[PDB]
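There are 2 protein chains.
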Amino acid sequence: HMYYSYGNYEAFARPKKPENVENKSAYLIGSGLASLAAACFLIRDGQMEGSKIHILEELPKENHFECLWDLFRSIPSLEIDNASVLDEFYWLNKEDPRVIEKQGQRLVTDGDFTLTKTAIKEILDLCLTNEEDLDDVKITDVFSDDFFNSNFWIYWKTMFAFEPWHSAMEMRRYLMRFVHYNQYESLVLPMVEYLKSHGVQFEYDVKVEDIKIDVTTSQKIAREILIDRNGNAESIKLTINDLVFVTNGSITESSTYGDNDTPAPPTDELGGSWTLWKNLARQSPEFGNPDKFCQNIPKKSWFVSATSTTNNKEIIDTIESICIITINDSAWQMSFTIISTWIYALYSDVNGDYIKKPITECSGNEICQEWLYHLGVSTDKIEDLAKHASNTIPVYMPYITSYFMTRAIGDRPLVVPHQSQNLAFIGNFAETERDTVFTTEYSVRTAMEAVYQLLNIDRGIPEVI
Amino acid sequence: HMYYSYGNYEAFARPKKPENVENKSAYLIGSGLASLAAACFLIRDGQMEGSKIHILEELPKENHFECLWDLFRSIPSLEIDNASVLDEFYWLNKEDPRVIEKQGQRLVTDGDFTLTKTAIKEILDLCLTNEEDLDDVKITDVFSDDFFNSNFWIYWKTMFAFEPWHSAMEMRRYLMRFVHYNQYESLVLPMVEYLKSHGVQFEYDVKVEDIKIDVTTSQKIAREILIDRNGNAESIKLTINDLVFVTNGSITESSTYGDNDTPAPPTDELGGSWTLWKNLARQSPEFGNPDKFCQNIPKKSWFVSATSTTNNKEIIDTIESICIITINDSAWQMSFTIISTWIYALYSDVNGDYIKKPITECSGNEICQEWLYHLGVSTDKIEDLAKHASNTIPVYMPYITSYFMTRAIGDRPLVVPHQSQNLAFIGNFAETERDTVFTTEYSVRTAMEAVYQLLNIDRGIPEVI
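Protein chains in written order, with our numbering: chain H, 8 to 472; chain W, 8 to 472.
Honestly, the hints are just simulated from the structure, not real lab data.
Incorrect hints may appear among the rest.
All copies of an identical chain are treated as equivalent in the list; a pair is satisfied when it fits inside any one copy or across any two copies.
Below, in silico cross-link-like pairs of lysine-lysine (PhoX-like), each with a Cα-Cα straight-line distance of 20 angstroms or less [to be verified]:
| id | residue 1 | residue 2 |
| --- | --- | --- |
| 1 | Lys-59 | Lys-24 |
| 2 | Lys-24 | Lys-101 |
| 3 | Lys-23 | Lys-101 |
| 4 | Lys-285 | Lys-214 |
Pulled out of the complex, with its shape left as it was, chain H reads as follows:
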């Protein structure tokens, strides 16, 4: 029971309070962006009191994003008073509005798409095919080598971190959608403050083991949850009125950290979100297949990201003389963007240019050495500048490319599954209609759809334009 809608009629309309909310409670696994968004939607649109919403936390203690700006309309900002988050964002965007190769030289064909006619034909072919017919299709299964040599492909694969073995459905969604102050500080903190103002319960030191579901021929109910509250394995019972919102899968789980002298160790340890999705998938076929995302990830995929902080003047002067920025000729496909800068290498199991080791075996100083080499900096003063004038902290994400893995319909469970009474899935791994993963709008849209379907809120979810 939901419907998509557009325009100012359904944007500003406040829905009526759904029936029987006052006897309903909410339990939300995780405290990610989608979880906090769902909590805020339950507080505002669903009118659910703060005492009945529980947020379980593991650790102790662009303009056309319709769902995102719908959510961040009643969320007050924390820096300037009598204003919201969208208010600050709009004011900041109205007050204050690329590729290098051969060690520093800017690309001469910058700005030009350099798309041949056959590449434009293949782009139209990918866009015009149905999503149902693109099940389990790689990027290399739809494009020829003419397109992979174009500068447009370089921009697309660096801006969105795509790979030739990624999902064709998600690239089609990206092409459809994008045809025309990080998130933690700007978005997560205001929602935390708003939820704490409304008195949402936050339970820490909670590791959710699994959720016992019962599946009948007519309706499916989340019957019970086994969690690990502060080390004690215990159980919380559920009714049909006690809704459950699971953020299945996590792209930042099992992320090992490195330092400036040792490399970050690779790992394949499945985390709490992945184990919970696996346990849920054992109960019913329509809960998605986690193994299509968390298993058999190619070793050439993006795994390591580094951050380089420096106060040295001459590196900054070199960067200013140069000018996101992409090293086109690097074997690692290194791309760095803006003090402290952020570096990520796409290919992982390929030897580097200046240091002939893969990014998995390279420590922070080695990454800094090769990034300085590709910046056009001389090879004489390179070593001391990289080792001592700057600090490079790597981090190895083993699941940072899981949302872009090839999927079929049913690999991602629906936001509220068929015949589900009180169980919903949110985050980047919930199947929705015509929205691009790895964006805040995706997580917010999943949270809103979950809340609106579970509570039967009669207000149109803004459709994707």
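Assemble chain W onto chain H, guided by the hints.
Then chain W, alone, in the frame of chain H:
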């Protein structure tokens, strides 16, 4: 300047306060829907204090309408507490969701459009032509006799009161826009209450004779206004900061009233708004041509409208037995809708079926006679039922179809004219882009565009979609 926008980013975004507004005042001639909308936009979006807003009043005392719902978002309702007007409208429409002939018989081809292929081809050819190429083009210059016999022409000419001699530009706008109790109680009263809450000044017994403008090669300023305050003709001076909003033209002006025994006498008496527009057009050529709307109106056009109230049982029983409703066979093209019913006849100078007199010469009792006649009521008991069991009040509006008269580009002045500093034109007779006249949306959009252009408010006006 101004820019159009769509989506939830610009919908919810509150604009910053424009500079130098604390030294600006506003004077708004008339108290029509557009003037109230402009005052409300100045109060909310312009952040102008109510003491600087003057409303001069003569007499003493569908879902995709983007601009209308943008205006009626912060306006509080009057009937229920803690809700807006849009909230009431949304809740009311979610809680509670034709042609007859030969004296009672419903149309056999009812429901079907019955548009021939040539008619669809003409519709497409009209819709695909640019608006600039249709200057002073009648409806009959673009459609053939095949289109005029379709039931779709019946629906279009009765729903929107179109005529064969009307502007093809406005019909093109209507076809492009709509391809996919009363308004006084629900809209005007809440805005009146909101403005009174904010302290907006209301001057009564004020008759605006004219506005002395000075026009330079670089800018044009409303310098002075000559009005008639309570019978004393006096003058108010203006600065560049004192903005002026004129509702040029009025379709409800100079409306003579009739009764159940005598007809409403036809007239051609120019009202205050038409006189004000005529005084203004003489000063500058780009202020539009009132003579194209207030003069040479064809005598067959819709003039007379009646309201019939009854407490009799059998008439209401007959009405319920029959079932807006259109009498297709009537020579008057009489159409009635729902107690008290409202009757209007498009053709004016043609003898009726039962009474062989035109509607101009027919008194209210006669209108009730022929209306009962076309309803299937027998010709025996008609006279006493029409004269005594119901009361019919007619009214002759001589400008009820002036917005549809054939016009050229520049016949209607711009919402804010080129090189105009403090003079704006709002209402149905102000030229804007891709909006349909004789709608609340048009008046509200003209008000919003005038306020935003004059105050340079950096917020995107919701474009027509």
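For each hint, the structure was consulted:
{"no.": "1", "hint": "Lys-59 <-> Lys-24", "in the structure": "within (16 angstroms within a copy, 40 angstroms between copies)"}
{"no.": "2", "hint": "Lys-24 <-> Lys-101", "in the structure": "between (36 angstroms within a copy, 13 angstroms between copies)"}
{"no.": "3", "hint": "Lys-23 <-> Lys-101", "in the structure": "between (34 angstroms within a copy, 10 angstroms between copies)"}
{"no.": "4", "hint": "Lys-285 <-> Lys-214", "in the structure": "within (15 angstroms within a copy, 78 angstroms between copies)"}
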